[PDB]
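There are 2 protein chains.
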Amino acid sequence: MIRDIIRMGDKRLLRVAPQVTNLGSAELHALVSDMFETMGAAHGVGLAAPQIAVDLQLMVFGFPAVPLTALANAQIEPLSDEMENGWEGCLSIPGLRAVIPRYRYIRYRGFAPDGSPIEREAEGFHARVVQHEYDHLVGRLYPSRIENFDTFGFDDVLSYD
Amino acid sequence: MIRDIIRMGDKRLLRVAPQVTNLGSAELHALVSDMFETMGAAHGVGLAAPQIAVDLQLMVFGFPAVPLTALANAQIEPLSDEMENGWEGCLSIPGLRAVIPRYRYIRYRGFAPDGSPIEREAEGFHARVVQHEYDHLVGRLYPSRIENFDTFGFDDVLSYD
Ligand SMILES: Cc1nc(-c2cccc(N)c2)cs1
Ligand SMILES: Cc1nc(-c2cccc(N)c2)cs1
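Protein sequences, first through last, are from chains A and B.
Quick note on numbering: the first sequence equals residues 42 to 104, 114 to 211 in the UniProt record's numbering.
Quick note on numbering: the second sequence equals residues 42 to 104, 114 to 211 in the UniProt record's numbering.
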């Protein structure tokens with residue numbers, strides 16, 4: 042079932058989400074299902090549970115190919131100090147984008163919805179997607195990470211590199 | 042004549058605008074006319090020439115009542131250090147607003163379009179309008195001034211005080 046995505050300004054995006062405690066359950070599998078379906082309908086590459094007003098450490102993401119992934123209780127570790135700049139947008143902030151520095155290299159861990167452990171090293175766009183989605187679990191959106199406000203604007207208008 | 046307002050992302054918002062050198066001219070009077078008309082059609086309280094892609098130190102503003119004012123070659127001086135927070139939006143960033151600290155007290159100077167000198171002390175919302183419009187003359191938009199990103203979001207969604 043497609044869920045409503047809440048937009049920046051909604052307090053439910055600003056919460057720190059608790060862990061998932063229902064790995065392998067039918068209730069989680071359905072919620073994950075709905076999230077992939079919601080992500081797909083909005084043409085997203087990532088979506089976090091709080092963007093559909095569900096307060097849980099859960100995100101889906103994927104589609114350079116990033117693997118289709120559902121991830122509960124994510125925890126992330128930079129693998130280096132190299133930052134890298136890249137374009138980011140967000141379905142809760144429709145029509146806009148900005149350039150955001152993210153770690154180029156991370157490891158992330160947590161659990162697939164059937165409860166199997168997940169751990170991967172990630173780089174570049176894959177890395178950036180997971181960091182962005184992780185931010186939501188923590189009440190954080192990308193504008194608070196912009197350093198060059200010249201690169202922030204509407205998508206159909208922007209012309210920076 | 043109503044002009045197109047350009048949106049955040051357009052480089053023409055990021056320029057430092059040169060002075061007006063045509064006070065008392067028919068070309069300025071028409072441009073000022075168009076700006077009041079453009080401001081009115083968009084339900085703005087302020088609009089700066091670069092928001093209609095005209096690169097000049099010129100702004101209109103007004104409607114607590116703020117007097118309807120056209121102002122070329124604005125220069126501003128805080129009258130104190132008291133900052134004050136207030137809600138701001140911007141016609142080049144439609145649908146959004148944020149809380150922004152501005153000086154509570156300013157003096158501003160420059161010229162009415164007929165070339166008569168203008169100087170006023172200003173406080174509160176009047177002050178804030180002029181500071182906001184002044185920012186555009188200098189390539190600056192309000193997001194780069196947000197300190198609490200919790201208060202930044204879509205207007206129809208937001209619920210902070
Ligand atoms: C090239 C682009 N990437 C994105 C994007 C980047 C990181 C995270 C999410 N959720 C979206 C928007 S435009
Ligand atoms: C209460 C509000 N004020 C504004 C506003 C405030 C300052 C400058 C401009 N141009 C608009 C938007 S919502």
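Among the hints, erroneous ones may be present.
The list cannot tell twin chains apart, which means a pair is met if one copy fits it or any two copies do.
Claimed, not checked - With a straight-line cut-off of 20 Å between C-alpha atoms, the simulated DMTMM-like cross-links for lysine to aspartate or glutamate are:
hint, residue 1, residue 2
1, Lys52, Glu173
2, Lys52, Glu134
3, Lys52, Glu197
4, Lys52, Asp205
5, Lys52, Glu127
In short, the hints are calculated from the structure, not lab data.
Requested in this report: Tell me, please, which holds for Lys52 and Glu134 at an alpha-carbon limit of 20 Å: within, between, both or neither?
Outcome: neither (29 Å within a copy, 23 Å between copies)
Requested in this report: Give the relationship of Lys52 and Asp205 under a CA distance limit of 20 Å: within one copy only, between copies only, both, or neither.
Outcome: between (25 Å within a copy, 13 Å between copies)
Report task. Since the copies are identical, ignore which copy is meant and state whether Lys52 and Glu127 lie within 20 Å (CA to CA) inside a copy, between copies, both or neither. Result -> neither (27 Å within a copy, 37 Å between copies)
Query raised in the report: Is it within, between, both or neither when you check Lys52 against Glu173 at 20 Å Cα-Cα?
Result: This pair counts as neither: shortest intra-copy Cα distance 31 Å, inter-copy 31 Å.
Query raised in the report: For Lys52 vs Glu197, is the C-alpha pair at or below 20 Å within one copy, between two copies, both, or neither?
Result: Between copies, since 17 Å is at most 20 Å while 24 Å is not.
Going through the hint list in order, the structure does not satisfy hints 1, 2, 5.
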